[PDB]
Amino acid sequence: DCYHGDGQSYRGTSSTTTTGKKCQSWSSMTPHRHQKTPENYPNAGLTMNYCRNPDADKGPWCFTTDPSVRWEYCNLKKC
């Protein structure tokens, strides 16, 4: 659907970036290793590969499943 404000409260099912790439799961370290895991960000709703905003950036984002592109913003409109 959409997100409000900076989308740190977004708990949707969206999981595709702005360029149509599929998001990587927050609990996997492949293809990109990272520290934005549910253990490090317990209140961010980090589940499956859904778009989220653990670091309080401008809007929901995800690590991508393309080995060449670490992360991008998600394909979501601002409510």
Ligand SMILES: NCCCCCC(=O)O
Second form
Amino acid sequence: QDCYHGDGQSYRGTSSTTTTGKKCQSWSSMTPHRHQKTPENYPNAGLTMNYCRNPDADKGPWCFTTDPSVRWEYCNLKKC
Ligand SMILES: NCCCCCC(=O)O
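Mind giving me the form deposited with the named molecule bound, seeing as the form solved without the named molecule was just shown?
Every component of the complex follows; first up is the chain already shown.
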């Protein structure tokens, strides 16, 4: 099962697609979106490849988007 539990900071699945069906930008890529959500900045977060994560304590997993126009979105993951 690829779901999450409550806030999903726990998650470590390899779901890398947006809520709207967009590819997730890779965490360390500063293209298209430059940001500070790097493993250098969050060594415990699991800010690997381009999978949905929660380095910020948000309500659920998300990622930056490869759509230059859409900086970030929630992930297409379910609460389990
Ligand atoms: N936690 C949801 C919003 C992500 C904001 C990304 C930021 O620009 O650092």
